[PDB]
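Partial complex: the chains shown occupy the same locations as in the complete assembly.
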Amino acid sequence: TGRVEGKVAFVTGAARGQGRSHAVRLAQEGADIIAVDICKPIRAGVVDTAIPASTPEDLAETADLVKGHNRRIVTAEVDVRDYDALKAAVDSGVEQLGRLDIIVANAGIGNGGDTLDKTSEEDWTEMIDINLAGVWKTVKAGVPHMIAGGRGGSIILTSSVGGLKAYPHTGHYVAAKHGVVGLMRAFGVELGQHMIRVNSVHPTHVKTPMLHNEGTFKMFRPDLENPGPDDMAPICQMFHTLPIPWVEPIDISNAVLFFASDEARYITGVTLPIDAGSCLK
Amino acid sequence: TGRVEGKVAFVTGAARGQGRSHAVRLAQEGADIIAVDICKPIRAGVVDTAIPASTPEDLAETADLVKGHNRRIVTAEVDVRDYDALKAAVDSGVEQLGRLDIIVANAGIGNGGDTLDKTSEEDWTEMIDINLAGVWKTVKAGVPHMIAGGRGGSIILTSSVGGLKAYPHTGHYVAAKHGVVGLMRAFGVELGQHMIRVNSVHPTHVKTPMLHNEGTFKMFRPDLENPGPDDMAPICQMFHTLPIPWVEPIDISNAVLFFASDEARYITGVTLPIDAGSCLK
Amino acid sequence: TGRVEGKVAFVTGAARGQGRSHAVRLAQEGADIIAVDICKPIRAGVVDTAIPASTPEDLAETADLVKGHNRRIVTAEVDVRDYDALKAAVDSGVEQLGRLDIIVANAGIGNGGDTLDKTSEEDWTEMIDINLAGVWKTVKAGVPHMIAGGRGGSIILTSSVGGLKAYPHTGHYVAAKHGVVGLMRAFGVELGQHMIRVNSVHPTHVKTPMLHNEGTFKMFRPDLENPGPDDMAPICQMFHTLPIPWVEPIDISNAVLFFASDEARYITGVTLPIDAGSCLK
């Protein structure tokens, strides 16, 4: 039997990166998946962002990978900011798949890059709306289905090392990610009575398009004209106690899997770094 | 002679409660004050709140108390959500008083009271807008004046025990107050280069109208028909290691004063509970 | 293929309880075991302790269980306080089993029960010597074998909820268990360069003879003449967010297994509660 055999997991930001990885790993271990992603640029008139937008095709690819593990998947192209649309998608996914046992609130963005005193209200607001309020909305949408099932469940919120410590030029993201720790604790204290566990994962740098993009390469290596990942690697590695530059999506997925599984049945309220020792520094 | 002699402090939520106490204590110790408060109900059409709104007269009373210590005060009736209006008020205050050395981001609200899965988006959004984004706006408005002075300075953010641990029916407030810890850390890492310190205070229950109101008395003591503070005291006391029911505004002001003063010149990045040992439980 | 297939784990306190469970779970998942336990009363002339001593037969039983999973086990009856004897036992175990990949520093005691200001130096010293210095000695004995292997490895220290928060009448234990968090961090920063991860587990109450003994029953339920586990259960449950009285040894072993496995290859420096939400309170 797989470690989440017979369960259903709702994963946001599932089009690519960590969210894709979570969908696929959970499916490998026996779960069917409700996979949602915006699949559009975050800001309507704007495609020229450092972090590229995801596409409908990215989400279709996630679906094909999940089906390759002989599991079912319901996909929906929906913005976690649009609560009514998100709730409709989750409602339909639970109709189709029969239950909801696991929530992985993974969807998130980067924007901005100014000091916090020079950050625009537009960048601030978008950041809070997705990375904090969107996580709230994700749990709010899924949890009535988990409660009604009467079997308990497991909720994993994606924070960051930035939910535990700060770094210059990321302050709006740090505020949001710290707020996610509050959501984890608040939901944990309210939902424990239903044998629902709530925990957060805190990745260091992860090899996804959020990290590996031209804008980010240039920010980490302003001394170079056309830096790539190999140029950024030694700078990222300085943040770690283990001598690696970043973790992989599978590393985060393996933590999510642990929390989702019955092997972590009595683990709730925890902030778990998957950070190669960043938080020891 | 005073511990903040010759300094100027910008205090939000100064109409009453802790913010009034901060303004008066800092003035007692030699600071002039830029005091801001919304001075009206939080939600335009709405006075049916458990926590009563502040008034213009409340802020005028604070001003009289500050003047009683032979210090100057500039007051403004402004909502911390309205960044342009807040910035204009602070700009005018610094014109009048000559400098800005201390920021105390104290303004905050309570609302709601449902479980977090049942919290309205209206209540959520108002809470984040004031208790998280309002604190960000407060620092953003004040800090250019502190940087430009070239003398360093001290920024104190008011979080809560709720910014460190959760309690049922307060989850949106907990998310905001945890976000405030992120703001503290983020501003701390960015502003240290200017010899600006950033720290947060985390009160337990404080005797102000935010705690002492009819709605709250009845909520803490549903067994009584007309409960007052004496009836709520033993319930609040159960949260503490020291056998007291709540701290007073002066207790929070004394911590603010410590952080504002040169006696805390090299203290930055700290989360300081004034909590009667709540966080030991 | 087991999650620790082909590895060797060194587990202290392996005669019963959590340590036995760790040996057996790790064996089930493919590891051979170096299992050590004092197998005698902690204090030479003294058998009438609240927590009963382990016996040689207890350790023989652990061995039979590991062999039942078709794995190899080397046992040794040794006190973790006797560094030279412990080192000799580990040296022999590694000779026999070929490598050392995982260290589980699980041996521990309770004693005392007075307030910390009334705790005897005898009780203090024994507590520190086993629960803090014995953990240090365990890692010190095993890690040269792990380093010399050149394959990286994983070290798990057993702390407690008492390594993160205090409770009356357990203060010497709390000091030791907080010291264990220091050892985890210190070894983590030093050993990361070898791709050796170091983490700590923090159990709430666990159903082992350390919890389930006549002395402890009477302490939790002084109102009863002959209390048993059922009488203690509701008191223990008040410490938790999930409505359970205690976790089982397997719950701790499943966390140890996660950290020991390649699925946690980049997780280091973490304090992981398996505490049913005790640390949310």
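As written, the chain order gives the labels A, B and C, with residue 1 at the start of each chain.
Note that in this section contacts are C-beta pairs under 8 Å (C-beta built on N, C-alpha and C of every residue); 3 or more make two chains touch, one makes a residue touch a chain.
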Total identical subunits in the assembly as filed, 3 in place: 4
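Quick note on the criterion: only the chains that are shown with their structure count from here on.
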Identity of the most central chain, Cα criterion: A
Whole-Å gap separating chain B and chain C, where each centre is the average of the chain's CA atoms: 44
Whole-Å gap between the CA centroids of chain A and chain C: 33
Of all residues in chain B, the ones touching two or more other chains: 165-166
Interfacial residue positions of chain C with respect to chain B in the complex: 165-166, 280-281
Complex contact set, residues of chain A against chain B: 83, 115-117, 119, 121, 124-125, 128, 132-133, 136, 139-140, 143-144, 162-163, 165-172, 174-183, 185-191
Complex interface listing, chain A residues touching chain C: 185, 188-189, 192-193, 195, 197, 240-244, 247, 251, 254-255, 257-258, 263-270, 272-277, 279-280
